[PDB]
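Take a look at this single chain, the form deposited without the partner chain, given in C-alpha cells.
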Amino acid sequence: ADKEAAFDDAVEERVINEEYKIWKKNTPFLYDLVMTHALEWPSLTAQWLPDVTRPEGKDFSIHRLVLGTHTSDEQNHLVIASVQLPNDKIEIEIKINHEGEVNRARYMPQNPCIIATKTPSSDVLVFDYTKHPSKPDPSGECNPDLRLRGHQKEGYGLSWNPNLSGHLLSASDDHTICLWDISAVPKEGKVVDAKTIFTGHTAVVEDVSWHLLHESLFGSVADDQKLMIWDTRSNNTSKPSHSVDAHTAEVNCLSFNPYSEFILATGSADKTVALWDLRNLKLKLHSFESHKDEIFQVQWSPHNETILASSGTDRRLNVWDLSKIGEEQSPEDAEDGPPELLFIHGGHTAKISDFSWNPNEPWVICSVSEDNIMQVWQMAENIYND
C-alpha cells in the first residue's frame, strides 16, 4: 500500500536526527557563530536589509531581515526581523498582512523601505513598510501600496534593477517574464500594468535576475532546461539575445557574479551548479557537484569574488571556492568531494527554502527551512583563512 512511504520517511527522519545530533556536537569547531531560531510559521524567503546600526559602546550590532510566512491555513504576513550580531537574539519588528504565503520578497536597492512580494496568485504586490503599522490589523486585510498585473499564474523569480530605479522583473509558472516600471508612479493608481512581457521560455520560468552593471541585460532560467540572456534594448521579446542548453533538468536559479561582469552561475534539478561566461555561453566553464538533490537557490558572496553558495532539497547548504578548482587531493579527501567544495552546512533538517549572505558581516549567512527553522551562522575563520 501507501504505508511503505510513510514508514520509509520515518526511517529517513531517524537518520536525519542522528546526523543532526552529530553536527550539533561538531559546531564549536566548524562555526564562529551559529544561532538557531524557530519561526512561528516557515519562511519561504529570506534577504538581509542593507542597513546596519552599531550602538556606541556596545558589543553587538543590529541587522535586519525580510522574511515572510507560510501558514497551513491562517493569516499570512510579510516580516521584518532584527538580529543582534556579535561585534569586532532575534525579534520580529514589523508584520504586514499578506494575501497568501510570501513566495519571495525583495527590497528595492534604491529605496530599501520598498519591498516586492510574489504570491500564490498572479498578482505581484508591492509594499512600503513605512506606510504601514508595525502591528498588523486583526482583520488580516492585505492592503498593498501597489498591485502589478501581467501574469496568469504565480511564480518565484523577482528582481529589482540596481541601475534603473523601479524596474522590476518577475518570473511565473505561466512561462512568461514581466517587467514593470513603478517609477511611473501615479498619484494613486494603486494598480499597474506590465511594460513588457518576455515569452522565450516554453515552460515554468523559475527565476530571473538583472545584471548588476549593465542596465539593459537580464537572465532567466526555466523548466525547459534553458538559460536565456535578455537585452531590454532589442525589440524582439519572444526571442532572447542568447539561449543556452544549461542543464539536463529543470533550472531553478541563477546569480550574477558581483565582481566579474561576464560570470554567472545557475543551479538545477540535475543536482549541479553550472558556471557560465557570457562571452561564450556555448561552453560551460565548470560544473560544481556534490549536492544530493535538486538545487533551488544560488548566491555569490558579496565580499569574496571566488565564493559561491547553493542550497536545495537535500537539506544542505554548500559553499564553493572557485580558486580551488583543479587542485589535487589525497584519495581520502576526494571521497568527501571536489577540491572547490569548501563547506557543507549541515545545520538544517528539512529542505532549505532560501538563504541570504549578510552584506555587512563577511561570511555570515542566514538560511531558512521548511520546518520553521531560521539559522544565522558563520563558518570558522581557519576554514577559509589560509
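Shifts are known only where both forms have a C-alpha. Numbering follows the first chain given and starts at 1. Superpose the two forms; the largest set of C-alphas matching within 1.5 Å is the rigid core. Compared with the form deposited with the partner chain bound:
Residue 245 is not among the residues whose C-alpha shifts by 2 Å or more between the two forms once the rigid core is aligned; its shift stays under 2 Å. For residue 193, the Cα coordinates differ by under 2 angstroms between the two forms after the core has been superposed. Mapped along the sequence, displacements between the two forms of 2 angstroms or more at every C-alpha, sustained over at least 3 residues after core alignment, occur solely at 186-189.
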The other form holds:
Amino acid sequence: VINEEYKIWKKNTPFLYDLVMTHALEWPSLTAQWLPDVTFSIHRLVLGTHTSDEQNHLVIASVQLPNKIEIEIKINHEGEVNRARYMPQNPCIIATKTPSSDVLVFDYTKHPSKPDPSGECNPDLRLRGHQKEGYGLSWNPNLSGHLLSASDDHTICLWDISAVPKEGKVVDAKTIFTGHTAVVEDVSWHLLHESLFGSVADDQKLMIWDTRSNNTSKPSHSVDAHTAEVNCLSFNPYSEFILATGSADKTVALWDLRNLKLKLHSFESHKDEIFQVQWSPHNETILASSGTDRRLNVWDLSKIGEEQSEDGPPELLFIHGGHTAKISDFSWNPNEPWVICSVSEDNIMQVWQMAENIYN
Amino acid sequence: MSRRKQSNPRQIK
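Okay, that one was the form deposited without the partner chain. Can I see the form deposited with the partner chain bound too?
Every chain and every other molecule in the complex is listed next, the one we just looked at coming first.
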C-alpha cells in the first residue's frame, strides 16, 4: 500500500513541487524546527536523535537552498530528544525535553562541534518540576526566558530563566498548572498577548490560561474540543483571536477566543491520528498538519465554502505524500515562503516546496 | 512508556 502510493508520488514530484530534497539521517529525529537566521543561501535546522542505544545528541544541520544537507554540530543529550525549541529572543538558546522528565537548556555556541566521546551531557540549565517526560514546549515570544512545558504527569510547568546565569544550574518551576486530568500533549503561548497560553490534553480539552490569574488549578476557559485526545495546538501569528488544534479524532479544529463554545470549522481529510499543526509564518489563512497517516496536509481557510467541480474539500490546498512512515514533526521555513521541513520515523528528513501554481 | 515514539528506532550508517 505505502509502497504503491510512494511510487506514484515519485513520478509526480516535478509537477507538484518546485523543490524536493530527501535525506536519511543516521537516527530518526522526533523534532524539527528551522532556526530563524540565514547566511543559494544557508539555513539551519534544530533536530534530535531517537536511538536504540545510548548515542543521543541535540543536532544542528545546515541546508543549502536556492536564492546539500550537513550536520554542523552534535551535543551529548541525556536520552532521546522528545522535542527541541529555540528561544525566539536569542536562538543560540535551545530547550529540550528528556525522558527523565528534566527540561534541559543549551547554548549551542558554547559546545565543541564534535561531541565529547565520554558521553557526558553538560546542559547550561536543568529545569525541574515534572514527574514524567512529555512533549509540549513553548517559549514566550513577548517575555524573554519564560518557557512552558507540558507533561505526561498531567501538568504544565512554567519557568522564568531570564535572571539565571547559564552556568549549569537547576531551576524549579515558578508556576505549575493543574487543570487537566490526563497527559498534557502540547502547550503554546499566544503570539501577541504575553499573559495568555493554551494547552491540549488526552482529556479531550483545550484550555486557555492567563498567567495574571491567582488560580493555577482552573483555566480561564476549558473547551470540549475533540472526540479523542488533542495532541497539538498552534496560535495564528497574524490573527489574534484564532488558533487550531489537532487530534486523534483525525481532524484539525479552528477556534475563536471570543466565543469558544462553538468550533469555527473542522478540517477533515487525514486518515489517522494528527500529531502536529502549525500556521504559515507568511500567510494568515494557511496552516499545516501531520501525523500517523504519513501525510502532511496544507489547508487554506480562505477557501472554506467554495464551489468545486471532490478529491477532498476545497480548503485542502495540498497533500504531501513523500513520507512512508509516521511524521514526527515539521517546520515552516520562516525565511523562504512555502518551504517546509518534515521528519519521519524511518529516518527521512524532507525539505520541499509545493509548486507555485498550486497556491497561486 | 509513551505511545508517541516507536519502541525500536533503526540506525542508517
